[PDB]
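Undergrad: Spelled out, the chains give:
Protein chains: 2
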Amino acid sequence: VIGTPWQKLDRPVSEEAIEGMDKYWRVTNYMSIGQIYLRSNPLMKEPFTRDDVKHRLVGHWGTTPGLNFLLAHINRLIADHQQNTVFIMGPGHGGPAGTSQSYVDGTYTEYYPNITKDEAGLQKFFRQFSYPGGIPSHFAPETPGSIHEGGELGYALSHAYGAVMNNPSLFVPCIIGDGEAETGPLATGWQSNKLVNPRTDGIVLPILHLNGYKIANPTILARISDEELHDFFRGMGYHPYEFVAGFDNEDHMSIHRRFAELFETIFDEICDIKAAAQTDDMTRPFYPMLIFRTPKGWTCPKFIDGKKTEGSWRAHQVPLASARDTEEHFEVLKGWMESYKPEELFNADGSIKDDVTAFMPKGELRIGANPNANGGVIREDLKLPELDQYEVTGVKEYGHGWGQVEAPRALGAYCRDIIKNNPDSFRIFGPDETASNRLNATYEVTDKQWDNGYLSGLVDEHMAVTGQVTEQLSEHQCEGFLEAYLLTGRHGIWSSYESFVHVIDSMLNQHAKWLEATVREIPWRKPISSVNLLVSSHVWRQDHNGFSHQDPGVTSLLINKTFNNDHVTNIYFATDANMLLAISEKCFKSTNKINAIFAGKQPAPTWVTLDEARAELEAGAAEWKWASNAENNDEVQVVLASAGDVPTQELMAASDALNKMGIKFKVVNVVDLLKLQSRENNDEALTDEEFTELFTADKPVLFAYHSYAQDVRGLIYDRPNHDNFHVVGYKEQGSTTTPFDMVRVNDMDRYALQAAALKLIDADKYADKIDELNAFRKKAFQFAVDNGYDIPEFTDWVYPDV
Amino acid sequence: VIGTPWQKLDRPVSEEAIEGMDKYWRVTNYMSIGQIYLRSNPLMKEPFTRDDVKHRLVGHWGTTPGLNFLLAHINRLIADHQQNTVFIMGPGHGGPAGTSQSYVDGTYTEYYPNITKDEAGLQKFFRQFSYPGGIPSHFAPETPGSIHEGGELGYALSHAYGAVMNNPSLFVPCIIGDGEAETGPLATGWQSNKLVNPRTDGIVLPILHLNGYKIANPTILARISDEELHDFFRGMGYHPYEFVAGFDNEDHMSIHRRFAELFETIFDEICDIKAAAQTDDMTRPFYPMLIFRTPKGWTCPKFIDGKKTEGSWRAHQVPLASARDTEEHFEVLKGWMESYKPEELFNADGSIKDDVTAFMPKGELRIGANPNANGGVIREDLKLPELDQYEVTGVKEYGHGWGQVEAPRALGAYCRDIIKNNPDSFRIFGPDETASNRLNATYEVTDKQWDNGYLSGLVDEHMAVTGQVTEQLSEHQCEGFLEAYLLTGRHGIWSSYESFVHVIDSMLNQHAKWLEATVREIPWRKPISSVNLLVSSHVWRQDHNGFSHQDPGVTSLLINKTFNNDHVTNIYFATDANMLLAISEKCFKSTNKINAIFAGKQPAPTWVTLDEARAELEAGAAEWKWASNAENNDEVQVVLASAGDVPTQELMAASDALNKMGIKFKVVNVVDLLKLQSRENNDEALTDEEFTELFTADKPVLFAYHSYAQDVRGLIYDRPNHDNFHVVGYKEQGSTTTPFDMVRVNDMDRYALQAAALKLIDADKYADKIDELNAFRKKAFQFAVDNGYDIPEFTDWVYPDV
Ligand SMILES: CC(=O)c1sc(CCOP(=O)(O)OP(=O)(O)O)c(C)[n+]1Cc1cnc(C)nc1N
Ligand SMILES: CC(=O)c1sc(CCOP(=O)(O)OP(=O)(O)O)c(C)[n+]1Cc1cnc(C)nc1N
Ligand SMILES: [Mg+2]
Ligand SMILES: [Mg+2]
Ligand code: NA
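Those sequence lines, one after another, are chains A and B.
For the first sequence, the working numbering begins at 102 and goes up steadily by one.
For the second sequence, the working numbering begins at 102 and goes up steadily by one.
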């Protein structure tokens, strides 16, 4: 248990705490300006001149003094209440507030011993910000106290609410830009309070950083009427409180006392909600939120060159852009740094004075030290059930290609038992698709968590105010909740229709970037559990939907995060349920990855046993010898290679036909896609020798690929024999139609695969047979048109091993 | 002018109109069930049996009777008020409501003559829905009256509000799923009413289709308290009205009269707002919105197999899934179809009776016929200014590589004058980045349109309640507004930081799919203007930001929509401002495309004259002979090829060094990326002969690519000499740093490009020189570390032609 969660003070904030908060705010403002502007001389010792100013002024001042103000008050609150707290910096371009916070709390020097608490350390701290060989502009994973960089705006609230799930002692004050709140993902993020429970989860306090402006415009929320703004927050289930400061001559000590009093009222309300929830955990409370309305750039010069800067979008990036080049900008910068009176904040040796930090929290309550902001220090491996009990044993009892299994049901049973064994640290998210993607065996041990109105057991099934599945029709919510759940040390999976995974392409990019920086150069940030995404209801079998639901292209995006041997991204094609099981075990053990797990949910053959699945997965691609009819690679006339359940089924049927014609071939299944890249691009891929062994040195290879052929073509560009691969992938064809028709129109069906294999082998010799196969595809299509279902010869085919 | 816009009735809805609306609702419900369930016998003529039921039951009943109800009332409103109207079907899986609407209004038979108004036509209409060789499950572009398919949910409101921009006579009732409203893009879509003007734009009426459920869950909005729901809509600037029906025994005629009365109150309020806006166009009104709360699946069987179906998520997809296989489901289906009393709705010949449609609008007011729902019939070519006046003439006067131009400023001036010449049909959208991406010369002739509070001319600049630029910090808004603006026949452009274009990857996918279906098989849907996206502030020069802002990967997504010779996607690399001008002219003339226009906004050399730009763009890739020093291709030791402003600059400097060493090479610039594909994949690409002429038959080619190397590798897979290309692209390296450092760490800098060219030519011979270049890159990096700016030898280099 960290601290004493949810305790009220029952006395006023002390005057010593007010004095310390004002010094915090002045020293963090001063050092934020130092990080942006100063390459040397951080205490302005004589002579302080333009030569001390950075040659390239980069950074964002506008948000920063508002963040520094809130962080003074959040620090005071954590110390007085001993409250387990992680904050979210929505405007993550306010990096200097976050580095300053860590430098003040002592964690920065603890993690970065060269950046010491004295004048030499402070000089290095100023220079390094946004500087070559230094540190980032944003609140990056290398900053103690960050679980959210806030570079690509919009995810502040999903991360805040995922952090508090199953974390009942955790308080998250979530600072949201008012520009940020105009994004789609942030606007739906407010609604998360219908999906958390005040007893079993922790508490988010949204703080709208309503500074009136984004980059070059006012914000929507800052210019609507007060009555609309309050109605908006009340309508989303909050009790809105509003603070307004900095727009008149009120002295800063008075402002601190008024804010401290308000923040105590708000926290007392949060403690009352927490206490009440021990008895009534079914009534959704109106959680407080805070409208924090202060001038953008607060405390910078009001006008610069006759233009209003404090209280304007003009304060957004770097005021006084000429501070190094003109004595006029320099004199302004000097007056501004001096206005904080650093001679009262730092000792002669350059260390921040003790009376600046006596009010601060200590130990693991510090924002920089709390282990929820470095959740791999809290993370424990899952207690996983034995995989063998889930195996589809039909392959062993009856043969390769047996049965009509819906593959994700086996993952569902495995998930059900993982939740049983790990009942408060493994969650499933879904955008109203958990049952549709066949993971609903989980409901046998838990419910979907819904903290909003109930009506009747005639409609409400498998839903309760607490549970370990969460659904909302938003891929951004599901991805953001899960990411923060992992970042705070827990585990999970989500599932999406494949075409709609693209809604969160950019979130996958940012989380991959977080992982890249971490595996490269942040070894104190310990490994977290991986994002596991079941990519299902795929391009080939969207029976009730049509062409909008046909886009397997998240493969292509994921390929753009496969560099430097970071190994933070995996693309797996689950050939059947036994393979899905073997892939899911590996993913649930893995850390510091995004794992995209492709599996069809339609009834489909099972090809491999679980033991075979375990070996083949490890290799990445495997010959299926029981399906090949060639002696050795020299006898092979063509290599039949597939990735994905549907291409494999069609390839298998084509193999059966090619066997009966007396054609010699081998069958290769590909599960771990990026293991096709060369060793030069991927030090864990198949070696050239293993790659040649599978694909031959010079035989043609027909490769039936689940997604866009482009992906495989680009991955295998420097591989031996790559000029002989003919990759058949999805090619933007299809509609609402029968299963045969969907493969037919992308040349993916068994008949077209058999034809392509014959064309690769000898086009002239097989000219007639190819015509005949192409005519059968027309006949089969006409059959479907006339009759309403596919031709029995297609649907009724079972691999001859069965 | 279509109809008589914004006219009140000032009498009650007639009883004849109520009777006609009830018959509409019954016949469209009946035919919706017919489309889902029936392969033959649409009038249930003796014998009606299981054999008439489809073998594959696919489709979505739950949303559909609510849509059919609203469409009866929207049709009545259009007819009585003669109101120019396009609706948006948010729940686009209710395709049968949209096809039924067109079949009733007569447009379906007008566009599809085989689907006649009689029993034979009705049989074909039922069978074809969601059927092989038939039509889609959703409200697809092939349905008259659609500008929004609603497959990937969330974009209903951005499309509605973009439709009404500069369209002051247009009314858009926008039907939003209540599941849909849990998405991010929909949640921010409500806020658009701060960005439209009630005088110069038309009016959206959001209708929340609050049927209580999504697929397998209730919805957030349906289960919060009524007071929260109303406060929510009032807080977003609406006057909420709520209708509740279908939950008790109220007869359907009574329900129609109550709704008609309410819908007249709402429309009268919209007419009052429109009238008032002729005098006060600065006060933002509270626009009506409608909460429409009815049971999901309304009018289907209340219970099926003991499970509540009407008023449940269970009604979502296909009730009575056994209707063909069991007499029990069949008897239920039969009673349900009979409950609509089709013997009163159709004549003996199977035509829908005249008294079913006497209340309907006629001519171009019909929802299926209105030209705003087929805007290429309204679209006129832009009156474009002459391009030559914008040319950067520095190249002609001083030489190739001259000056420090910020390329998008020339596009800004060109846009400024396009708006001048087309002052109400060309708009610019930006997610608070218009000025940041340097398109702010447009503000010389128009303002950013902002219909929310003003404070002071000290902060409000270039903003007014009407104008042709719109900004909101949401890529989903900018993309959705623009798409509908084009779909209703107008023109525009938007700009985004390149990394954040990924927020709307999935919207680009859907619009590409809309374009694919249209160019393939919908010739009555005439061409619309293209989506033009300035992709700027790119990976190499995000000076104030860092690694979160470094992701040029939208190239890779766009490559997945380049099939079948649809030619609906273009990727252009603007080498400099003259090239950007030549690309922008072509894009502004083009139709039925998405055009991604890559240009850097940093100060940069101009390489080509405008006449050269015009020729090279047409070819797609061009030798720059004035930069090559080889005689012919046989003399070439290496081909120096680049795409993108920054790779080209570095390649050019490498060429200068390689020239001074006595190395023989040619320079090739690539502008129109997909023209590198083979003719087999792209019938408008470079032929093999032209490709060999540029890239040689067998010399090494160093290709410095703006984005991920993977893209170029996969595109050129079947090209002559492709095994000799070495593609250098962005490889997930970089941070907040100097311009040299960002290229350095991706091996993209001039020194590394010169080294790679030497390695390709003779690794042994040049071993020492390569070491030396690699050491200079270290020295240059250390310089930046020590000094705060890049080494003068790097920054000060100008191409020797200047
Ligand atoms: C850094 C960057 O690229 C910023 S900061 C910013 C304004 C944010 O204003 P906000 O009111 O949220 O913050 P504050 O006033 O500074 O506190 C924008 C549009 N951008 C570009 C941008 C665009 N779109 C998205 C999704 N994310 C980002 N970061
Ligand atoms: C068709 C499909 O793939 C549907 S329909 C649906 C429920 C929509 O409920 P809503 O309340 O909006 O509509 P209604 O009750 O039927 O009127 C979902 C989750 N899906 C999957 C889905 C997921 N995510 C996104 C972005 N879009 C879609 N279409
Ligand atoms: Mg702001
Ligand atoms: Mg609904
Ligand atoms: Na090759």
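Rather than coming from a laboratory, the hints here were simulated on the basis of the structure.
There may be inaccurate statements among the hints.
One copy or two, either will do: identical chains are not told apart, so a pair holds if it fits within one copy or between any two.
With a straight-line cut-off of 25 Å between C-alpha atoms, the simulated DSS-like cross-links for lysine-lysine are [to be verified]:
| # | residue 1 | residue 2 |
| --- | --- | --- |
| 1 | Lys880 | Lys225 |
| 2 | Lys880 | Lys761 |
| 3 | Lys726 | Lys409 |
| 4 | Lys880 | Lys866 |
| 5 | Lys435 | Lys403 |
| 6 | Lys860 | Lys435 |
Undergrad: Hints first: check each against the structure and report whether it holds.
TA: Hint check results:
1. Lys880 / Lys225: between (76 Å within a copy, 21 Å between copies)
2. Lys880 / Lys761: Answer is within; shortest intra-copy Cα gap is 21 Å, inter-copy 67 Å.
3. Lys726 / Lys409: neither (76 Å within a copy, 52 Å between copies)
4. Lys880 / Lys866: within (23 Å within a copy, 63 Å between copies)
5. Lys435 / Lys403: Classified as within: same-chain Cα gap 15 Å, cross-chain 76 Å, threshold 25 Å.
6. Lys860 / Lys435: Neither: 77 Å inside a chain and 52 Å across chains, both beyond 25 Å.
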